[PDB]
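> Fit chains B, C, D, E, F, G and H with the ligands to the given chain A structure using the hints.
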Amino acid sequence: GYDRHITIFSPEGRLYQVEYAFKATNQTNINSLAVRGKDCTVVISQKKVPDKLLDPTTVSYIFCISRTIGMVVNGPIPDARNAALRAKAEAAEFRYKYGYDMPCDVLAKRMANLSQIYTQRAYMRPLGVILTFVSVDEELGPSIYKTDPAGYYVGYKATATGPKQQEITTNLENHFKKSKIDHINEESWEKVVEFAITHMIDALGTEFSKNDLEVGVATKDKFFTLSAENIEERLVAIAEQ
Amino acid sequence: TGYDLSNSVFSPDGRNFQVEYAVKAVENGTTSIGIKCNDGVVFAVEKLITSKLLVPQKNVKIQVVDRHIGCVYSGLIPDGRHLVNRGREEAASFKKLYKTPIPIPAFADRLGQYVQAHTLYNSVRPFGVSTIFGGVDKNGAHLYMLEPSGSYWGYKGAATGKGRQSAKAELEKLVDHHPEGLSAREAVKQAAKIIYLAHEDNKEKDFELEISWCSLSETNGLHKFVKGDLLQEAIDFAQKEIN
Amino acid sequence: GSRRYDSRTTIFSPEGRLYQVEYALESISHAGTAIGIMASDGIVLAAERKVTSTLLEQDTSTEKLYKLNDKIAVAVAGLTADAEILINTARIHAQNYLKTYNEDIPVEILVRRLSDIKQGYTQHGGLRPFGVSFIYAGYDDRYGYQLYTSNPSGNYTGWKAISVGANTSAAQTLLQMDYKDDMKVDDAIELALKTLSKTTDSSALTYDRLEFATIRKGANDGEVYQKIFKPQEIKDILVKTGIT
Amino acid sequence: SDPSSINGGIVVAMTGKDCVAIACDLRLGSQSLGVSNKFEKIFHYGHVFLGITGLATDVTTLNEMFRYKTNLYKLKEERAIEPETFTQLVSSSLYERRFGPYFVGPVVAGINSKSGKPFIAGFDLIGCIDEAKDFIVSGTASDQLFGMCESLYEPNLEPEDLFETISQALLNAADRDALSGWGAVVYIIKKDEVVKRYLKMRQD
Amino acid sequence: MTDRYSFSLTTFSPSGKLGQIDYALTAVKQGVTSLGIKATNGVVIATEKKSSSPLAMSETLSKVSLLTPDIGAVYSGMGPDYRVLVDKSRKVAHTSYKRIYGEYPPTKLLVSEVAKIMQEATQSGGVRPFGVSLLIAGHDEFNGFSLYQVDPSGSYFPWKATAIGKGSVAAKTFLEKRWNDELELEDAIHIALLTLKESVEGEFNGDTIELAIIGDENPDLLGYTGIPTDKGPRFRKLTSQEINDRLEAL
Amino acid sequence: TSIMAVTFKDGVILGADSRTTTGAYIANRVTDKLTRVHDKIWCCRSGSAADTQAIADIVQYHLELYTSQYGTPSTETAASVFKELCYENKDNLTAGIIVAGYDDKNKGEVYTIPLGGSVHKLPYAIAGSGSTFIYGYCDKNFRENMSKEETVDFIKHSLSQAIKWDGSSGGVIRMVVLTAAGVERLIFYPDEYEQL
Amino acid sequence: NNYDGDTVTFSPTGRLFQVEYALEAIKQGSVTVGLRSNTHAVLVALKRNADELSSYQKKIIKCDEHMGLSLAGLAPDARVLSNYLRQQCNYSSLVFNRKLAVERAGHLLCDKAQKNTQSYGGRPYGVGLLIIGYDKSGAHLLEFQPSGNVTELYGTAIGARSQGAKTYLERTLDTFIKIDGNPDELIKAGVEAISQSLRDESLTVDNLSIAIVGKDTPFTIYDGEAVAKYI
Amino acid sequence: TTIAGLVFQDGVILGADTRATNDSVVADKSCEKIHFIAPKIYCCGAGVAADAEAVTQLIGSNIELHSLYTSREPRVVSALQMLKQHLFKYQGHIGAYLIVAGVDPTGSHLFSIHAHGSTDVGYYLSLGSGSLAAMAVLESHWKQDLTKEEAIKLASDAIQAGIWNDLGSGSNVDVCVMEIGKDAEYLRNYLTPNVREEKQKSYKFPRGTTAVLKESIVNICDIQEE
Ligand SMILES: *[C@@H](CS(C)(=O)=O)[C@H](Cc1ccc(CN)cc1)NC(=O)[C@H](CO)NC(=O)[C@H](CC(C)C)NC(=O)[C@H](Cc1ccccc1)N=[N+]=[N-]
Ligand SMILES: [Cl-]
Ligand SMILES: [Mg+2]
Ligand SMILES: [Mg+2]
Ligand SMILES: [Mg+2]
Ligand SMILES: [Mg+2]
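Protein chains in written order, with my numbering: chain A, 514 to 754; chain B, 8 to 250; chain C, 176 to 419; chain D, 6 to 209; chain E, 95 to 344; chain F, 329 to 524; chain G, 2 to 232; chain H, 49 to 274.
None of these hints come from the bench; they were simulated from the model. Heads up, a few of these hints could be off.
[Unchecked claim] Derived BS3-like pairs (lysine-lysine); straight-line CA-CA distance at most 25 angstroms:
(1) 610(A) x 192(E)
(2) 622(A) x 331(E)
(3) 79(D) x 392(C)
(4) 119(D) x 271(E)
(5) 100(G) x 54(B)
(6) 433(F) x 103(B)
(7) 59(G) x 68(B)
(8) 266(E) x 225(C)
(9) 182(E) x 622(A)
(10) 230(H) x 331(E)
(11) 271(E) x 225(C)
(12) 59(B) x 167(G)
(13) 137(G) x 68(B)
(14) 79(D) x 185(E)
(15) 48(G) x 65(B)
(16) 79(D) x 274(C)
(17) 405(C) x 81(D)
(18) 418(F) x 106(B)
(19) 137(H) x 610(A)
(20) 610(A) x 411(F)
(21) 418(F) x 610(A)
(22) 435(F) x 106(B)
Only chain A is shown next, with the shape it has when bound in the complex:
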């Protein structure tokens, strides 16, 4: 049964190492969510600092890839950082060669093609991560593109990733079935973050403090992460209505 150890086909036409890499994805037990506003793309993720000895400022699964692109990872941190460093390198090389900022969807495709190579070539293992790329693209507008260990990728109106992804996904599905639009019709990113947090609270059934969340916001020409105090301001506004 060596067809389960390396990336070759089983008799069923399956790649078991790819399937087991998907399972490694949920090892962190963290749920992420991404949504699009009019002018922005918001990504939120659970933050869990179990150890009191940890420096909580260094515990993050959101990465600033370029000025315009942000990336949240669902999976173990070593593979997350492997993927982060490569995406940063690819985004920089792209700008140098072709004279404009790498689009979110093109980076997602590039990382997905690299992921595909690990499913075809035996000596390389798949990375046990799902990469969610976010930006406000200068051509396509607010953008969410997600990559997995199979080398699959696709654009999203909104998305969710993690152990409880199905609960979050159905919650978001139901909202967009009502509104009948591909985005959160809201002017300020602050209110789009409030939406994202609110709908995660409803979906997961848990309350959040400022230290339980981690937020990334993409606007035109920059992606940035919110501090604990910026999130606290968000949580106060949610509670007050």
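Just chains B, C, D, E, F, G and H with the ligands, lined up with the frame of chain A:
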């Protein structure tokens, strides 16, 4: 089964058993700790005196990287040396190109990526060490701990090796009882105590204490070994606390 | 390390056989039958297509008979994709020889070259051999008309008539029975089609199932013509010989 | 020392009404010494004709190279190459030696078998294409040929008139060049017949 | 940090089977149905946009891809393997042909180059075969319209019409009854939509179906004017609206 | 070419003419020789235009990749990357670059990198063919901790003279101001600066 | 068991079996002793013969004028490692006009041995070394294991029955460390130490091999009638 | 060669003459110096003709593959960056001097590229041996917010200045207009001010004027078959 025979193979769980087996080599090793203080970091390690024939103060375990970073590790000692040798190459090329000495978070990722690379192929073995390291850069003090998987985080206190549970419990008290922070000279004393308390797990053989520190006020942000009177003051403080 | 997963494609069995060559020959025994017959005034190549579907575009299709140069053609039995890799190499060797010596490559030299490539995959590199057997039909001014075969081992031999692929045992007995040395192309055409008609696993032999070719020194003014038969022309020769 | 003028020789090509003509001299020399009076500079690959002037070792080498390439083209494509496609192949092949070039002046001539359109083209030694409606010249007496062609040529000549025009352009140009002459050949090319004529000229 | 897989992962078993090719074909069988039909004045290729989530934007995932202006491709099997083959196919059309001859390759030769890439994954060291079957439809001046299938082995066959993947056996029977040598392109599109409806479970509309044609030259899609010989791409992907129009006359 | 960078109280100002010549022909009379390698790290280019563009593009790439990993680079770090390229490829380059930048910690800093690939940190720097004519003027008139308006006048008067005497220099005087407030572009036309 | 096929594989308890099997080759090797004072350092080695017609396998190798080692285990691996030491000693002299520190020599051997334990295809070194030397910080004795572990010691022994000599040195520690400016008495203590590891056989003239380095003493090896004095 | 480019209200325009020369002889009387890169990106070439041609074709090929990969319209800055990095690599040995212009989602752009890899940005540019004749016209008449009709006039005038006054430049004027939101229009032989006058005589010879030694039929077909 057979998923644990080769490095870089995912089990049906989504685990790399060879990396988990490397952790067992780390758990088997001697105790080492790190303490983040007000303007720096303190490193300490348990050195088991296998025999009277060992020359005292000679078999130095703590290693310096560049001039501002200290590294200590538990597990397979040669693997730790190999990792520090790499760290030194990374710190040299960083300084060569960018002039400034490597920042600690930047340095942490250099080790992190290298250790992680040794979980990607069956042609290499994972590292059999957990490494505690840190120092002072332009943004202040930083303490890190790096595992065989390539995983690392920033720490207030860190501990690894055979006496890690004992040490971790002691570090957690210091964090609770000193929210405003700990001074560099205090951290040296506390580091000595914690290694002495953690020695109950390796209590058969007697041991030798080794401490180092980087502090902005006490060492000008450079890594130095604790020697002579300051080392003996810490040993006395530690010996008083166990009795 | 990697050693664990290595099949070791280039080793002897305890009996002194090359496992992968033997298993490649087993693969080839299931492929559609190809027959070559050499006459005094030409060579015939006949071959049976494997995948009867009504929707297959036959007139633009080529799975069995390929052209190497103006004087030399091959009939394929085995993996078509593997054969095309070797065919393009053989096409290049012929043009290299022509560029160097300003003469068309002698048939045996081309055959030896391909056969040497196949041999290499059985002795070094750790790769699987090519799952292909060729029948080479060709002409040159030294030996005239020549038929050869090569197989995955890289061994090649010359023939007056020969079959490869499926039912070669049955096919070779029938050829051995009805072949004679003074035979002509028109007679050989008939022998080739009669042999396929008896050995075929199908219910009946039809035009949409066959690839057919001739090399004749019966072109205008003593030149050599390669004719790859079109579907309609195969249908006509089937009626002429009295099979349909 | 100048490789393009060691061996000498010329090629000229012209279009006519439903026809093309390509012609060349027969001299091969070593500077002043005449060596061969049978060195033809026009070759053909199916129905596409290629004339090549310049360094004779490269003339021979490129002929052998384009024979090679057009033979493989034919086996894969299952049809003879056309003049327009061959022109691009010549250009590609010359430019890939950009910094160690073949010292040649190639000339393509032929009729497109599908459209029936007459086609001629010329190149420099690194593959810049000159696609002309009227005529192409090449070789050591290219200036002389430009002068003859530019005055003698008129469009839409019939095959047997075009023969006279191209022949007189070649012969009179060659007689004003020390390194050209010693015989000449003219190909008259129509859609499905090609006539080759050897010209009588002065043998000095 | 070494590639030690310099040996074949696809080898002959005692029965003469190449296991990994057979298993790749099994993966193709599990894949969503796609089909191709050749008419007298065109070719049509079609498939179902099987959306993995309703939140996903299925427009961004192109199962039907332009390879050259006159050649298009569709697949059944593993989507990522297809995506990288399309990238290599587009590139090889330039490097091994357009940069040499100054024109795009004919359908059969581009197919031959794709086939070659797939064959090499079936014999080279340390790689598995591609888990896709492609259908490549195209036009060139001297061969006219054509439709090719390409399998994981590297084998390729020309078809008048065919189907691959999930419901291919039923679909091929359906096409055998309907196909003739006098079909116009609109008739082939109509037959393609009928054939594809049988294999589709859920919604059947322009948003859940992807369909492209190789047909007449589109000078409107060229982007520039001023060169009479460049008349525009024969490949055209039908819009969501254009599909829905034909579904009313179904 | 006439280029200069000058530190002052609030930060630093880069200044340049706009003339590019091929021999005695002015190929471009409105060249932008003040080029951005990071948000608040710019450089003035002199020497081969091909070489200085190729270098500046590589530096911008390196500092972009630096920023993704380690945050905002110092002006010293930028000058070091410029130096590494210039020094290691000194046999194949003709580049004379002035690097100027604003940190909040270090404030305004200027580094000059002449032909050899050496680095020199200075309060102000001048370079290019036209700089020879204003060494005397600039040395006499420069003061440390000038105001923004004084530094703009100092650069304007200096490059005015450089332009007047050097045929290789001319056109408009471009300037780029680097402070905590942000990045301000200034332009000054012949009719303004010639009458000074 | 299943985890001993190559050096690249950890066992489930975190052990490297190929390294431990290399360690076993040292235990099968003939005994050798190392010890030092503040002025001198001494190697004493029991050489092993194949039979009575054969020569006794040499155990001590010179690395530089101020450094050398004794071996126990695979002799060809000792040749490779000693040659590497010779080159590193030589590099230090040629480039820096500097005699290589004994501590630094140990660090180099450690790192060379380590590379063979983490990569596929290679094997660990099958030999243990005792390095003695006199450098700018006085006399030194090192013990090298092919796991990579190098250890600075006052005295030690490696090879078969080495535990007898090692216990003796552990008792004698306070005596032999004080033997300063007296090479013959330091060798005597080494010869008496190696005697604790003998069974059946005793120290003969072509059996015993001694080496010494010190303050005004280059690394020199004594064999044959030169060691009869100490028997 | 006289090549030029200039910008107008909602677009960019390129101009070029049609003469190719070898030393003092005219190799080609009608050649296209405005090369194609993308549907809405064009390149005027000067210097070594083979080099200018080859470099645009190569970058055009790579721009097409990039466009397919990213599913976007190619940008002029991408062509610019790819051209300059290629030319820089070869240190001027590829003697191509180019004016690149085009439209993309960012807007309309006009650049020049030199053989050693240097680039310029401009509202009006000219290159080649006729650049000074052309630039004199552009400096005299260019203004901001030109209409398309004024821009074509000015561009063709700039090219004409080169044609008449420069020996390197001659024959016809080619133009390419790239306007925002519209298809690029390529106008080969936009002006034809140098048609050859009718000849005084016809030099068509009497048939049989040329002496012939031999005649033969050439077999160009494959296999004459039985
Ligand atoms: C004008 C450029 S100029 C005089 O301002 O430098 C044209 C621009 C041009 C022409 C043709 C094309 C076609 N796609 C594109 C741009 N350039 C020329 O006329 C060049 C001037 O060197 N001419 C040539 O390169 C000619 C072309 C003809 C053969 C068709 N080539 C030669 O003269 C060769 C080339 C050569 C090349 C590099 C260096 C030296 C010589 N010489 N020869 N033999
Ligand atoms: Cl890619
Ligand atoms: Mg793999
Ligand atoms: Mg003459
Ligand atoms: Mg003469
Ligand atoms: Mg001036």
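> Could you check the structure against the hints above and give me the numbers of any it violates, in ascending order?
4, 5, 7 and 15
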